[PDB]
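Just the one chain here, the form deposited without ligand ATP, laid out as structure tokens.
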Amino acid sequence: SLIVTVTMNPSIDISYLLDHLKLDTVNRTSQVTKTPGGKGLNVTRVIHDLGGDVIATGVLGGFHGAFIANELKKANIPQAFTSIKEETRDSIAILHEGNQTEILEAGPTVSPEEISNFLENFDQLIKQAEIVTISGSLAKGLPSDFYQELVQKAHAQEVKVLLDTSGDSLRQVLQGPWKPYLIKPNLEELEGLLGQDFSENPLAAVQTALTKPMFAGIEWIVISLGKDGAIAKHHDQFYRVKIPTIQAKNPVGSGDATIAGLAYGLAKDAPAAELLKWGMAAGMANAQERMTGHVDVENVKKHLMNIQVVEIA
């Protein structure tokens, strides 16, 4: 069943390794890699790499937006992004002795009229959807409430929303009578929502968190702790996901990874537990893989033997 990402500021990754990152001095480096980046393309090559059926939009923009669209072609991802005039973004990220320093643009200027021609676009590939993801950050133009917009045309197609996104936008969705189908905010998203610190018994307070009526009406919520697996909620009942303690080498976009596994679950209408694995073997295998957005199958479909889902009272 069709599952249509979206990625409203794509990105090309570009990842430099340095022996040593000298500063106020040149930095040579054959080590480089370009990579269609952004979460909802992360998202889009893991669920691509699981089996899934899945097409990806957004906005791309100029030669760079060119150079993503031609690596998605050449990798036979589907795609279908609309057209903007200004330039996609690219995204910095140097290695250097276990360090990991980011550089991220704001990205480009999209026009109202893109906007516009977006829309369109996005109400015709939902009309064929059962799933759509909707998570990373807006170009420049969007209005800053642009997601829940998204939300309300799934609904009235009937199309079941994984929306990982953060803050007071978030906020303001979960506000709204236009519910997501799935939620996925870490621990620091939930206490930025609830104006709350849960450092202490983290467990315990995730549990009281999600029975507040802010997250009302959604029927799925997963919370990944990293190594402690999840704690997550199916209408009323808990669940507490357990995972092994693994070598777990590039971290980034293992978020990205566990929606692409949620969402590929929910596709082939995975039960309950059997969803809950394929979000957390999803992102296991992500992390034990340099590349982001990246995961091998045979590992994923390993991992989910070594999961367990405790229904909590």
The other form holds:
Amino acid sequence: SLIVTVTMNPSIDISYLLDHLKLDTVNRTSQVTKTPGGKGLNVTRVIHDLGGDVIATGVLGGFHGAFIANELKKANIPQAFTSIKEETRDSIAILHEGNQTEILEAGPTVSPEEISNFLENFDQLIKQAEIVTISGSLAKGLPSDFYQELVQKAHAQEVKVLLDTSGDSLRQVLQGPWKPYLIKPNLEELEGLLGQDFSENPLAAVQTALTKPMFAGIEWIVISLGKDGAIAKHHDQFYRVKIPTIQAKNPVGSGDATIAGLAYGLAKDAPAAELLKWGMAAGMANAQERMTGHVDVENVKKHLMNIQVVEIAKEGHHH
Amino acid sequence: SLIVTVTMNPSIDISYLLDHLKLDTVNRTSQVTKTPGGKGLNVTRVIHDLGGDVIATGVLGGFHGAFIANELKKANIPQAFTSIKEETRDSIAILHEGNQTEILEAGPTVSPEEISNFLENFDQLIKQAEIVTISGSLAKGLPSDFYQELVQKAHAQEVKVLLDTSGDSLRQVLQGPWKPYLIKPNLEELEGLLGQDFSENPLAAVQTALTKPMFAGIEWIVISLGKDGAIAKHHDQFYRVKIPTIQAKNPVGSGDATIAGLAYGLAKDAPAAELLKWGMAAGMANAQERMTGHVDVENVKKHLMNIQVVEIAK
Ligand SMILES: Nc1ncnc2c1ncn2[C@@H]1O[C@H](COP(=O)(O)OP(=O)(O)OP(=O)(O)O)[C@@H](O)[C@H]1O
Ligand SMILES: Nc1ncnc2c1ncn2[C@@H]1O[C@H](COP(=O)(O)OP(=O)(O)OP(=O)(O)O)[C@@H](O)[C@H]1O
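Please supply the corresponding structure for the form solved in complex with ligand ATP (the preceding block corresponds to the form deposited without ligand ATP).
All chains and molecules follow, beginning with the one already shown.
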């Protein structure tokens, strides 16, 4: 079934490999990569690698946008972005002496007419879809609760929304009446929402947090824990998901790869345990690869056989 | 009279303003500019600001190339770049706490077929031209003797060449029988060409150096010396050029602005003293501007009155 991905603030992700960063001087290199970037494009590329049925949307502008669109065409990734006037941004990553120093731009401003054009296109796309993923931050010019209206439109077509965002843009959805089918906060994201610190073995405290009103009406909640696996909640059923050790090359974008795996699993109507395994297997495989938003499908299939899903008992067990 | 500028190694110059560069973490900014860059595009923009008749050429590739062409079009700068398949590079400048931390890319590779295409275009352009400027490094794929072929072609058409390049691409031209009309090497470049140190009493050392066989047959040699003005040689005549003390904002690209001023001056048949004043006045005006490859022509005209050209004995 068709998965639509949404990237409201894409970028050209520029990556420089340097053995030394020298301040106040010229640094030279031929080790440069320039790739379609942004959390939602990470998701798109992983779903594509898994063999899923995907189409990418969002906004792209100018010659920088035209570059992104051409690179997706060369990879045969289906696309349906809306045009805007201002230039799509660059994101700079400098890799040096085991550091990732980054420069992130604020980016283009999206106009009122451009918002309307995007939403018209979105409505047409979701009539063809079974699942939508929505990742990352809002572009300038978009209202802080813009993701509420995307979830509202998806509900009108009975489409399942997977939402991976943070800060005000997440909080505004949780405060509103239009709930996504799935959210995937990491622990720090969860700590920031609640102003709570979690300690070792956070399972009991996470269970209590996720039963609070702010999380009501969301069918699936997945709290990813990096190398330690995940905690999840499906309605009133909690799970602990345990994963094996791997040699990570670059874990950047592993959260996005987990969203891709979950979307792929939902599209094939996987039961709870297999759904969670597809999410973990994809994040793991991403972490094994040097380049971000990419998985080796053979690593993924290997990992599926070695993940343990554990159902948690309720308070009244042994009543 | 028409000036054609050559830029084989252009760029999108990206300039970031930060309060502090925090390493191994994210730095966020709304203070970003993205401008057509490369030494020869600095030259082009200043000639345009001065009021000269210019057309820009070189090679542009891909979507980054199309951005540069669009920006030149918006500024009303005539252009005739040759297309290449690989993408034109970005250059990064991070400005923080009085530092300028830069990252430069090796850039695209030009194919033999694209080289042949560029050379055909260049043949056509120089028939209408009186002056040509050649700036910066060679793009990957170009042969090390590439600028010599350009100087030869200009010689055949009686076009005066201003050549501002470095290292091997400079040495090979100066070894050959087709001499440029003007060169403008700085002290760093002069040290490389001659294998000699110019740290002690540089002005006296430069005057001796310019008499060497290295530089025979070149009508004009201009050694710009930053705030210290310049020393120049026109045939057998040496000149010292004295400039007034001024407040600089950003002196980056002032060498390119000097080349622009010299090209403009030569296009209007300026006598020796006036030519040298246009060069200095453009360089000075560039250093007064925050943005690179830009001058206020009113600053330039005022500077002309306050620069003194001094003839040296012999
Ligand atoms: N070092 C690792 N070893 C094994 N698996 C990993 C590792 N890092 C990430 N993963 C896999 O990816 C999943 C998601 O990672 P994590 O919880 O760090 O995502 P995130 O914090 O949302 O990442 P990002 O924000 O960088 O996209 C993990 O639950 C796990 O299955
Ligand atoms: N800080 C400054 N203040 C005033 N004028 C300046 C300054 N820097 C440069 N200029 C003017 O511009 C001219 C050319 O600059 P300069 O001699 O520094 O070029 P350059 O050495 O070729 O520079 P680069 O090597 O960076 O290309 C100077 O001779 C002077 O007229």
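Residue numbers count along the first chain shown, from 1. Rigid core (definition): largest C-alpha set, two forms, superposition within 1.5 Å.
- Lining up the core between these two forms shows that one residue from 97, 200, 123, 113 moves its Cα 2 Å or more, and that residue is 200.
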